[PDB]
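S.K.: The chain contents come next:
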Amino acid sequence: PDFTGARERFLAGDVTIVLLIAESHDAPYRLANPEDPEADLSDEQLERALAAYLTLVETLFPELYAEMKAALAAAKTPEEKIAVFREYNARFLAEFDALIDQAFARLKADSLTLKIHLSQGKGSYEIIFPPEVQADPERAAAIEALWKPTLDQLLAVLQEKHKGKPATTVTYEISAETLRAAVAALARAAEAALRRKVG
Amino acid sequence: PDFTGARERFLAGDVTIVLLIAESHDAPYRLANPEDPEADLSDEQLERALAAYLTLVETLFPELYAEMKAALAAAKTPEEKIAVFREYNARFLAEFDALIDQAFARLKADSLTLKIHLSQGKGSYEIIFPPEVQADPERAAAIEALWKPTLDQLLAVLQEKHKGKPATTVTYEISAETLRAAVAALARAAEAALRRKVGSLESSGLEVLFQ
Amino acid sequence: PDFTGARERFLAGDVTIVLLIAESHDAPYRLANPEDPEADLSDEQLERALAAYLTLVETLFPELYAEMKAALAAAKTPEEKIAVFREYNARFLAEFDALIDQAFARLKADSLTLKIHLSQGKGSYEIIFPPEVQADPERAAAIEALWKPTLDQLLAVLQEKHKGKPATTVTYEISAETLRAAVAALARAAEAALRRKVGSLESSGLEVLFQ
Amino acid sequence: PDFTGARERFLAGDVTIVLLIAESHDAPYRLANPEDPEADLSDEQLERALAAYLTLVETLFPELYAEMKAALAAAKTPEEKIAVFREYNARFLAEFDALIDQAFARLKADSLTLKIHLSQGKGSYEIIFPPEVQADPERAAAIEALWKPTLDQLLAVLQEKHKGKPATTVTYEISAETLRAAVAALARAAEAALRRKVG
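Chains as they are written, first to last, in the entry's author numbering: chain D, 3 to 201; chain B, 3 to 213; chain A, 3 to 213; chain C, 3 to 201.
Hint data in this document are derived by calculation from the structure and do not stem from the laboratory. Any given hint could turn out to be false.
[To be verified] Derived DSSO-like pairs (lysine-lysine); straight-line CA-CA distance at most 30 Å: (1) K71(D) x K165(A); (2) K71(D) x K110(B); (3) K163(B) x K71(C); (4) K150(A) x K110(B); (5) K165(B) x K71(C); (6) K163(C) x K167(B); (7) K117(A) x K117(B); (8) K110(B) x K163(A); (9) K83(C) x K110(D); (10) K71(D) x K117(D); (11) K110(C) x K150(A); (12) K150(D) x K110(B); (13) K117(A) x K110(C); (14) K165(C) x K124(C); (15) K150(A) x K124(B); (16) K150(D) x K163(D); (17) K124(C) x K117(B).
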């Protein structure tokens with residue numbers, strides 16, 4: 003999947019871009035103990051989290067990403083590389099808090115439910131809209147049409163992962179709070195991966 | 003008021019230039035029935051709508067305006083002058099649709115509210131940003147920084163128009179749709195004014211009826 | 003470079019006019035030893051500092067500049083020209099201190115940082131605001147809108163002097179103290195240059211020499 | 003106390019202006035249960051909270067205050083007057099968040115302790131600086147000199163309230179967070195008072 007323009011779509015309200023990025027790497031993001039990732043995650047779980055986190059930062063936050071690349075290259079020791087990563091992740095998470103307020107203000111729904119149904123052929127998805135948007139079928143249709151290209155890519159990614167498998171449904175809550183939690187968990191797992199990668 | 007750089011600024015998102023041009027001529031543009039200008043506007047109001055329209059076309063599309071002026075000079079009859087005007091006007095309205103699209107893409111806000119408060123001493127302006135920009139202080143600062151030179155001029159103009167008057171507040175809804183409607187209204191009034199100008203009543207001189 | 007209105011804008015907070023003037027003359031103003039300028043600077047550098055200093059005085063204090071010009075023309079000897087220059091320079095530095103106090107009182111910021119990024123095509127500028135202005139989007143917008151015409155000119159000058167060179171970043175620390183230090187450095191260099199210009203080697207012509 | 007120039011002083015870093023306003027009305031602002039003000043405060047404490055909060059709004063945001071008075075005048079029922087007041091309070095508290103960030107950025111100290119010692123004659127005060135300012139005696143002196151006129155008035159107000167009483171020390175923790183909590187508590191007590199006043 004090509005994430006060019008992804009930042010524009012995200013700010014327009016296509017927040018499931020985050021999910022597409024994570025799922026396209028098959029990264030872990032909804033974690034039981036999202037403070038100790040290495041106690042729950044294997045070496046690809048860590049590697050995949052690192053790659054998904056980096057895609058997310060580069061896509062949503064390209065200037066900070068270039069700065070972070072340079073700062074890490076200039077860092078001389080492993081410990082300094084970890085410290086630099088930690089600082090830039092703090093910056094990235096704060097900036098993401100702002101970006102998520104912007105996207106959920108633009109798209110005028112505070113919380114939605116997304117259900118992905120994977121069955122034998124092509125699957126389907128379903129958005130469960132809040133009561134006020136559900137009362138405006140034509141606003142809700144606008145949101146469906148906005149999310150549709152990303153949701154189609156997400157459906158393809160998931161279907162590739164589930165070939166030959168019994169009927170399965172994946173349920174996401176999409177709100178500022180759950181998306182913040184997903185990105186924080188990705189960041190913590192990515193830090194654990196980087197710690198293993200340097201020194 | 004200085005309209006140099008106006009095309010570039012408009013493209014960057016300074017869309018209130020349109021308002022400034024209209025208000026500098028005291029032109030009518032938010033018309034109740036914007037389809038028949040003849041019947042709702044006085045001669046001077048039509049007169050001013052035409053002047054504001056010509057300023058807008060020249061400022062935002064100087065090449066098209068030069069062409070239109072030459073083409074009008076070449077037209078010999080009233081009917082040909084009107085048809086030439088309608089042709090260049092359709093061109094200008096299409097180009098302005100494109101320009102509007104670019105400007106609001108560079109603003110990345112769909113709609114804003116602008117309030118101008120006029121009272122006895124110094125007045126002020128107030129931008130009411132949509133919720134997505136209120137959550138983005140850097141965007142709010144950028145939009146205000148782009149708009150502010152134009153808004154200061156607009157405040158000065160209205161400040162002249164309201165001297166000696168009680169506190170009044172003017173509210174502008176700013177979106178691609180309202181600016182398109184304002185410019186369409188200006189174009190319709192300008193066409194009505196031009197028709198009256200090439201008409202026999204005004205275009206035949208005193209010498210032709212021997213005073 | 004266009005300096006119309008510069009004095010009023012400076013009082014409103016447009017202090018980077020100083021940088022624009024200095025850079026358009028390629029003058030030295032941030033010197034390691036700002037006490038003996040002739041020990042670090044060539045004759046052409048001293049001359050460029052003199053040209054920049056004169057522009058600055060004329061731009062910000064044109065009445066004072068006319069007075070200084072007349073008194074210099076009336077002075078007959080090198081020594082009197084030096085003395086006249088030193089007197090008017092003290093006056094000018096005194097006014098500049100007052101002007102700077104006013105300008106930074108309007109900015110409501112003690113220090114700002116300006117970064118200019120020059121690359122292959124078009125460069126850019128970036129104003130880095132102090133925390134009290136970062137928390138004030140309205141003030142940040144007012145300052146950007148005021149500074150932008152001067153900054154665009156400064157960017158044009160710098161890109162001209164940097165064609166064909168690798169990516170470069172110029173960082174300006176902007177505060178009452180750094181602007182005072184820059185103007186004081188310009189004044190010292192200009193005095194050294196004027197000393198060389200009014201001496202008989204440069205001042206006396208070939209006719210007096212009897213070629 | 004004259005609160006002309008108070009807004010200018012506050013923005014310059016003189017945040018104890020808030021304390022002076024509250025204390026000059028003898029208002030409650032450090033509340034045990036700052037969510038239900040009516041359960042701990044007398045009618046007269048409520049009145050003083052309302053008077054202090056309104057002085058604060060008029061001093062720090064006079065345009066919004068003129069608007070709030072006009073909007074209250076236009077509201078016809080008690081319930082609408084309360085709703086208008088709450089809307090404008092939300093506006094004022096958001097504006098105050100921004101103003102407090104400006105004031106503490108100009109102050110160049112993040113958290114301070116102010117101790118006011120009331121004794122028989124004139125009392126005294128003591129500012130306990132954060133460690134980085136304690137190492138810069140000139141910066142500490144600048145902060146002291148900035149706060150001194152306001153602290154002198156505050157000390158006079160407290161000495162009048164404590165005439166003839168044993169030695170007493172009042173401790174204020176001063177930070178963006180404690181000042182925000184104080185103003186929010188005042189606004190909630192003021193709402194309780196207004197509810198009683200219009201019904």
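S.K.: If a hint holds in the structure, say so; if it does not, say that too.
M.R.: So, going through the hints one by one against the coordinates:
1. Restraint check: the Cα-Cα separation between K71(D) and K165(A) comes to about 28 Å, which is no more than 30 Å; the hinted pair holds.
2. For a cut-off of 30 Å, the pair hint linking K71(D) to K110(B) stands: about 29 Å separates their Cα positions.
3. Straight-line distance between C-alpha atoms of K163(B) and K71(C) comes to about 28 Å, which keeps the hinted pair within the 30 Å bound.
4. Straight-line distance between C-alpha atoms of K150(A) and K110(B) comes to about 21 Å, which keeps the hinted pair within the 30 Å bound.
5. Only pairs whose Cα atoms come within 30 Å are accepted, and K165(B) paired with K71(C) is accepted, the gap being roughly 26 Å.
6. In summary, the hint linking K163(C) to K167(B) is not supported, as the alpha carbons are separated by about 49 Å, beyond the 30 Å threshold.
7. The suggested pairing of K117(A) with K117(B) is violated, with an alpha-carbon distance near 34 Å, which exceeds 30 Å.
8. Our distance criterion of 30 Å between C-alpha atoms is broken by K110(B) and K163(A), whose separation comes to about 35 Å.
9. With a C-alpha separation of about 28 Å, the suggested pairing of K83(C) with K110(D) holds against the 30 Å cut-off.
10. A hinted pair counts as satisfied when its Cα atoms are at most 30 Å apart, and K71(D) with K117(D) does not qualify at roughly 37 Å.
11. The hinted pair formed by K110(C) and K150(A) meets the criterion: a straight-line CA distance of about 29 Å does not exceed 30 Å.
12. At most 30 Å may separate the alpha-carbon atoms for a hinted pair to count; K150(D) and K110(B) meet this at roughly 21 Å.
13. Only pairs whose Cα atoms come within 30 Å are accepted, and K117(A) paired with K110(C) is accepted, the gap being roughly 24 Å.
14. The suggested pairing of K165(C) with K124(C) holds, with an alpha-carbon distance near 10 Å, which does not exceed 30 Å.
15. A hinted pair counts as satisfied when its Cα atoms are at most 30 Å apart, and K150(A) with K124(B) qualifies at roughly 25 Å.
16. Of the pairs offered as hints, the one joining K150(D) and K163(D) holds, with about 20 Å between alpha carbons and a cut-off of 30 Å not exceeded.
17. Proximity of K124(C) to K117(B) is assessed by CA-CA distance (about 52 Å); at most 30 Å being required, the pair is judged violated.
In this structure, the earlier hints numbered 6, 7, 8, 10 and 17 are contradicted, and the remaining ones agree with it.
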